[PDB]
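Asker: Dock chain A with the ligands against the given chain C, drawing on the hints supplied.
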Amino acid sequence: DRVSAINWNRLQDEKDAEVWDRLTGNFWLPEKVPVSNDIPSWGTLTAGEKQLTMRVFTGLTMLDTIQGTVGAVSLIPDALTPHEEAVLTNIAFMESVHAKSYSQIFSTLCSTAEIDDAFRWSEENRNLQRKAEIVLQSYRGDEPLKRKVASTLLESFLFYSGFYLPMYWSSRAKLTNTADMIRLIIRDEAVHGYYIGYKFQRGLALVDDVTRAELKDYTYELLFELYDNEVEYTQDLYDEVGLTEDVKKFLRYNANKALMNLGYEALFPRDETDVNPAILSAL
Amino acid sequence: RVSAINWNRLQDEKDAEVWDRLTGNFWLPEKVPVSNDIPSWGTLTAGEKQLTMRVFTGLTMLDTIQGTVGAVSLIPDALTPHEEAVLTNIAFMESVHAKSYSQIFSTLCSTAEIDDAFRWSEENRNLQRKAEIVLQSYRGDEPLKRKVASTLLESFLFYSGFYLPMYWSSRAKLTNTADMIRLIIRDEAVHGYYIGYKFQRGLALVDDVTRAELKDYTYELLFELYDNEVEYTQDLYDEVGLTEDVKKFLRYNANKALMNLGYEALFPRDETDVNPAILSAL
Ligand SMILES: [Fe+3]
Ligand SMILES: [Fe+3]
Ligand SMILES: [Fe+3]
Ligand SMILES: [Fe+3]
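In the order they appear, the protein sequences are chains C and A. In short: position in the first sequence from 1, add 8, done, that's PDB author numbering. In short: position in the second sequence from 1, add 9, done, that's PDB author numbering.
One chain only, chain C, in its complex shape:
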């Protein structure tokens, strides 16, 4: 059936206009960040440190490929307003921009062989493939609200967690221009998670008590299914440079943030999410 022409002179929810204006006013492309000034500092990393960074960036690239090309678009049919549909087309585009920014970093700093090996690792890593399957299954299913749970967990939990490393390097005066690129991605991702979680809460208010309890159950279930897999992914990547336990605190910190974006309470208390202060500055 019918599509109505959109009328931006009759807003149904002013939040849609505010998010449009913010997301569009923050438009950027990766070519405008001078990553080539990181070449000296990338030279000071060991082969193991460079491999870890490339692998983490390849995993993030996967999540943005999923969010732009499947995630954000699968939300469009469930919009409450026409203007939300428009915002979702911007979010899809910007996820593609985020995914391409990693290729711009690699193109400036790394060799073809190192890149090919990072992409091959991502195809074969069981934890990365499992995290993709879990969100893809929710996006392709037929329950709108559960899809926004998965999306917010992708934006505010899974994604945010791989940002640890560029911020760890930045805090040691390394790879500072790469860190600037990543802060452009975070500035988008904080809005996406906020907006999608907002629309989730508006959707929740229109269902009965039973459905609402079902969604809180599902949120916790998917959160801990993702969290379990994310810990295993985190261990295999970070164990050798010794950052695992601090990244796991960052994961707990971010899980709380995902829950709050959805309108639920923080689960982990403050003294168990106490990330190295330098990492928090760098965001």
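Don't read these hints as lab results, they were simulated from the structure. For each residue, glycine too, the CB sits at the ideal point set by N, CA and C. Hints may be right or wrong, so weigh each one.
What the hints assert, rightly or not - Heads up, incomplete: computed chain C residues facing chain A, CB under 8 Å, no partners named:
| no. | residue |
| --- | --- |
| 1 | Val-11 |
| 2 | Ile-74 |
| 3 | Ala-107 |
| 4 | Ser-119 |
| 5 | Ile-123 |
| 6 | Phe-127 |
| 7 | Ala-140 |
To be verified - Computed far set for chain A versus chain C, every beta-carbon distance over 12 Å:
| no. | residue |
| --- | --- |
| 8 | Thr-120 |
| 9 | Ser-179 |
| 10 | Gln-243 |
| 11 | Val-249 |
Answerer: Relative to the frame of chain C, chain A with the ligands by itself:
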């Protein structure tokens, strides 16, 4: 199952040239100052104002469809990951195009005129029919047909609604509005091209019998859209005396759409001889 995109290996570089051109042409409606058209706008008859708002509202409808359904419906049928990325850009920019008509309206028009135009768009049977013909193709299960419909939408239906703002611009009226429409045109020319190109790439992957079916469908769909567009054009442009010339522009654009899909021009040059001031104004 979804692989991370690698922009350092391209199955088809065309995807990266198109990405570079579309993203490099990024714009938002507020950058164009339409308020300088306020005096020009007062020189139109109520009829000419109504015609302009109705045409703009039809175009808004098609951009709403193309951003929110069309471009995204094309993403599962992509040949490359880079094409899927391009399509997210196209979907976004269609939402910008649609928004731009609201920017024009909010500067120049009254609330009651805006509402009249949106209501006409809900009710007009030729506009509803064009919308249903393309939505049915977009929501169907035949990828190459969907590309035919999307190319006819970008290169034939949309482009035809650009006649009016270029008409006004050729009389030195509404020239800022015109600069806005030329930003849309610069994106649409690439959209139609690119999608038609991907149609041609996809034709090489099926067999000769299927290609022959698609050529039939293309003609049939064109004839149906053309005829519906003539009725639409007549009801809009008959009173101001523009119909004959717009109909030449419809054929002119029907040729571009066919050629974007890799087919021959249907109408001969003596049938597409649109007022040269309108072509130049693009
Ligand atoms: Fe992203
Ligand atoms: Fe995002
Ligand atoms: Fe458009
Ligand atoms: Fe277009």
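Asker: Hints first: check each against the structure and report whether it holds.
Answerer: Verification of the supplied hints:
Interface restraint check: C:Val-11 against chain A, minimum CB-CB distance 5 Å, threshold 8 Å, status holds. Residue-level restraint check for C:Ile-74 holds (minimum Cβ-Cβ distance to chain A is 5 Å; threshold 8 Å). Evaluation of the C:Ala-107 hint against chain A yields a held restraint, the C-beta minimum of about 5 Å falling below 8 Å. Interface hint at C:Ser-119: violated, since its Cβ lies 10 Å from the closest Cβ of chain A, which is beyond the 8 Å cut-off.
Annotation: C:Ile-123 was flagged as interfacial toward chain A, and the flag holds, the nearest CB pair being 6 Å apart, inside 8 Å. The beta carbon of C:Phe-127 is positioned within 8 Å of a beta carbon in chain A (closest approach about 5 Å), and the interface hint is therefore held. Hint status for C:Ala-140 relative to chain A: holds, with the closest Cβ pair at about 6 Å, below 8 Å. Distance check on A:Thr-120: its Cβ comes as close as 7 Å (rounded) to a Cβ of chain C, failing to clear the 12 Å threshold; non-interface status is violated.
Residue-level check passed: A:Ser-179 sits 26 Å from the nearest beta carbon of chain C, beyond 12 Å. The Cβ of A:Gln-243 lies farther than 12 Å from every Cβ of chain C, with a closest approach of about 21 Å, so its non-interface assignment holds. Consistency note on A:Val-249: stated as away from chain C, and its beta-carbon is indeed over 12 Å from all of that chain's, at 22 Å minimum.
Comparing the model with each earlier hint shows violations of hints 4 and 8; every other hint is respected.
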